[PDB]
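Number of protein chains: 2
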Amino acid sequence: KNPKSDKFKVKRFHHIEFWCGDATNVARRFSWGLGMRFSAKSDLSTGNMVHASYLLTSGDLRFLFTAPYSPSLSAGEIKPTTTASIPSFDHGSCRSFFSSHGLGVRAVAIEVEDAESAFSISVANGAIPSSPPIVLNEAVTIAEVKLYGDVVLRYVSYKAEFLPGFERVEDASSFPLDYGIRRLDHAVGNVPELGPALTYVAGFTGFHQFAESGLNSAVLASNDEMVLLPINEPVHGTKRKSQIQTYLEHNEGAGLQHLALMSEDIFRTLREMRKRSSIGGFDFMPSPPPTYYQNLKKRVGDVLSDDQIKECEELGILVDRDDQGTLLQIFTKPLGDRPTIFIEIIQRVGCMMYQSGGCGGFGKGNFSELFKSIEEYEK
Amino acid sequence: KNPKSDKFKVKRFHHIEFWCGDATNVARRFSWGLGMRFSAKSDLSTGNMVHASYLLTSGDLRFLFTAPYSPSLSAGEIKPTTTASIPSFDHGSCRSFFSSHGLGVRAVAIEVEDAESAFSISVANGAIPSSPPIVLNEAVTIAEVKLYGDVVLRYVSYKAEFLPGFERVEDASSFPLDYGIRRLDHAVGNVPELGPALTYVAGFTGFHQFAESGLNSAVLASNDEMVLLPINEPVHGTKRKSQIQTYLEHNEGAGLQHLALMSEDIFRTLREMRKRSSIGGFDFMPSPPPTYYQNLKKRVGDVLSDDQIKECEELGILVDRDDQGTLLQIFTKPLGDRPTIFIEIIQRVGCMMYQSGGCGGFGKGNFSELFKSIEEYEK
Ligand SMILES: Cc1nn(C)c(O)c1C(=O)c1ccc2c(c1C)n(C(C)C)c(=O)n2C
Ligand SMILES: Cc1nn(C)c(O)c1C(=O)c1ccc2c(c1C)n(C(C)C)c(=O)n2C
Ligand SMILES: [Co+2]
Ligand SMILES: [Co+2]
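Chains as they are written, first to last, in PDB author numbering: chain A, 35 to 194, 201 to 251, 262 to 403, 411 to 436; chain A', 35 to 194, 201 to 251, 262 to 403, 411 to 436. A prime marks a further copy of an entry chain.
Isolated chain A, as found in the complex:
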């Protein structure tokens, strides 16, 4: 059941912004590890005396990495005279965020028809304002409201080329890496209490709820279910400590837990990423035992051939099924020093009309199947 209750017109995920201590080193690491190209910059060389911002792209996926300069470089500026390309940026907020949480996502940005209307409707419906709507070069409008913890939901709308004040990256520094990642599928938050978090976000967006292990969760979705925002809470008192609780402890509270990146060829993406794990890229969680891939024949034997199942086993890929589609997924180890944010690589098969959002679910069935596999491999 999809009541299509969005309180304003939402299009697609637009970008994810990481707040960093040094944007250069994080962006270069991510570029090589994920196969994303350097496509735009806003920094000292573009006249920005406030923050260094670097944009990586793969397909429609946009990752922005931002760090503050010394405040002394811009001490004479005021907001009317700022050289910052992102007017919501604040030195103190960024330093406070990074000292509190470490490397992590500050903004989940969605493209909307009208960022000023989106902001006004959200705040009229309970959203806590973070940055009021600001029109950039009479071309783009940006506004921000609080999502959870110190993460903001950023609205971007275009009258008619990332943002004004960003420059295209020169082709010499713009090596055309591509491991097959094409877009953001979903962005997941961890909170101490799921109920109040869901009520708050669904309250100001009109997003609807989309259709033992240490977590309870729920998924909020836009009208066409292309913007997907799951939220998790921990389950206490279990034998094994909840990984959601571990997140909250090491992150100093609520924040973004994982980004799921859709691949157009998850086999190629994982081959390319795994080749680079020990040479500057990303590590992956330990692979399931062979009993898992043996049991996959009975579960997904009508969707994947035996060869493709064998290809899943080489790469450590997980498979899950809903009533409408099938999910291939795998998880990285945490992206930085703290056991907090990580990345999921996903590919979905089924639900063709284009492919509808959330085809195959989010893999919650893999908890029990991994468990059964571990017990079976112990035998």
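The set of hints was computed from the structure by calculation and includes no laboratory data.
Check each hint, because a few of them may be wrong.
One copy or any two copies: either way a pair holds, since identical chains are not told apart in the list.
Straight-line C-alpha distance at most 25 Å; calculated SDA-like pairs for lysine to any residue [what the hints assert, rightly or not]:
#1 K325 to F72
#2 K429 to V285
#3 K383 to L217
#4 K383 to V209
#5 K383 to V353
#6 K35 to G126
#7 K43 to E433
#8 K383 to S104
#9 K325 to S214
#10 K383 to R71
#11 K383 to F72
#12 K38 to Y411
#13 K291 to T117
#14 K436 to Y411
#15 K35 to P280
#16 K360 to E432
Starting from the structure of chain A, add chain A' with the ligands where the hints point.
Only chain A' with the ligands this time, still in chain A's reference frame:
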């Protein structure tokens, strides 16, 4: 003239420590860009609840990357019960350093015969103490005094395997990269006033002075001239703004300007580094004009063949000569967001007895020769 006036026995450079916001991403970027292997760690997985520290090695070169965890993880600890592997570490100092200077060198570490005696003699001779001598597992002693700005000179001595509490890195995560870098040749500081900086450092070490462009500089050296610590000050009032002054502005004061890394085969190192510049590694300063390499025939035609001169031209390598040896060198663009710290790759030819320290100088003649080359190429 070498008066051999060291006030305590100094051996060699031991390691360089960077203070980071996220040590994982910086260390992974540096590993791929410079061809250094992950060799040791001290972090949550080794019981360290205080800081994450990762050691990269290439030959005798040791780069350490350290970042703080949330103070909440260690809030119940006191110094007698600390889980930190580097007892001088302090959360507040590290956050203050990074917010002030950005990514940069906190410690220049030299191995000495007795770190406690080195500390006591230094402080008795004017050194400002930073961290008193601490014996680690009855095996290693570490102590720190201020060098310039917020950079410390760290003394390490071994009774008889980086530091106690560091664990060797498992071979799966330890990919054997190697682009030919073998050791630290020199470490250079930028200060506002050279005189007082030299007097201070030479005062407490007994290091001696080793044998138009925007800088004045001088080099301090240990007895065998294997530890080399140049210091620069800006020259004001020139047409072009001093790059030393630019450093001081963007760094918020004095600090380490560049690390010069000796290669056993600078041609291989530069081929390997340049292949990776646009895929996560390091960029290099713009190459000199072809008139430079034409003029090199008359300057170094007796040391390098025409083919090897042509190889220098492909890779953008600079060449300088002293009275005793020849210097091949090249400089990276800044390592992070700010126009502050960069790296020099160096190889020295001549002065064989082993090779004596500082063979060929430090390349100051390349200022005039680059200038002449630029005017000649304008023609
Ligand atoms: C669950 C869940 N709910 N929603 C809305 C999602 O997007 C998810 C997941 O992406 C997911 C699915 C299966 C997992 C898993 C995750 C994070 N992890 C990590 C290590 C915790 C596992 O070990 N397994 C087996
Ligand atoms: C000088 C100097 N003194 N000492 C003690 C050193 O180690 C040096 C250098 O390493 C050096 C030599 C030549 C240079 C240079 C540097 C840093 N730069 C940078 C961009 C400023 C140039 O453009 N040229 C031509
Ligand atoms: Co997921
Ligand atoms: Co040098």
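- Task: Evaluate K383 and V353 at a C-alpha cut-off of 25 Å and name the case that applies: within, between, both or neither.
- Result: The answer is neither: 28 Å in one copy and 51 Å across copies each exceed 25 Å.
- Task: First find the shortest C-alpha distance between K291 and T117 inside one copy, then the shortest across copies, and answer within, between, both or neither for a cut-off of 25 Å.
- Result: Only across copies: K291 and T117 sit 22 Å apart there, 47 Å inside one copy, limit 25 Å.
- Task: Have a look at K325 and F72 and pick one of within, between, both or neither, based on CA distance no larger than 25 Å.
- Result: both (21 Å within a copy, 16 Å between copies)
- Task: At 25 Å max between alpha carbons, let me know whether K383 reaches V209 within a copy, between copies, both or neither.
- Result: between (30 Å within a copy, 16 Å between copies)
- At 25 Å max between alpha carbons, let me know whether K436 reaches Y411 within a copy, between copies, both or neither. neither (44 Å within a copy, 62 Å between copies)
- Using 25 Å as the alpha carbon limit, work out where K360 and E432 are close: within a copy, between copies, both or neither. Close inside one copy (21 Å), not across copies (64 Å); limit 25 Å.
- Message: My question is about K383 and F72: at a cut-off of 25 Å on alpha-carbon distance, are they close within one copy, between copies, both, or neither?
- Response: This pair counts as both: shortest intra-copy Cα distance 23 Å, inter-copy 17 Å.
- Task: Since the copies are identical, ignore which copy is meant and state whether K43 and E433 lie within 25 Å (CA to CA) inside a copy, between copies, both or neither.
- Result: neither (49 Å within a copy, 62 Å between copies)
- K38 and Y411: within-copy, between-copy, both or neither at 25 Å Cα: within (19 Å within a copy, 78 Å between copies)
- Message: With identical chains, the pair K429 and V285 could be close in the same copy or across copies; at 25 Å between alpha carbons, which is it: within, between, both, or neither?
- Response: within (21 Å within a copy, 71 Å between copies)
- Tell me, please, which holds for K35 and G126 at an alpha-carbon limit of 25 Å: within, between, both or neither? neither (44 Å within a copy, 52 Å between copies)
- Can you tell me if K383 and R71 fall within 25 Å by alpha carbon in one copy, between copies, both or neither? Answer is both; intra-copy 22 Å and inter-copy 20 Å each pass.
Checked against the numbered hints listed earlier, the structure breaks hints 5, 6, 7, 14; every other hint is satisfied.
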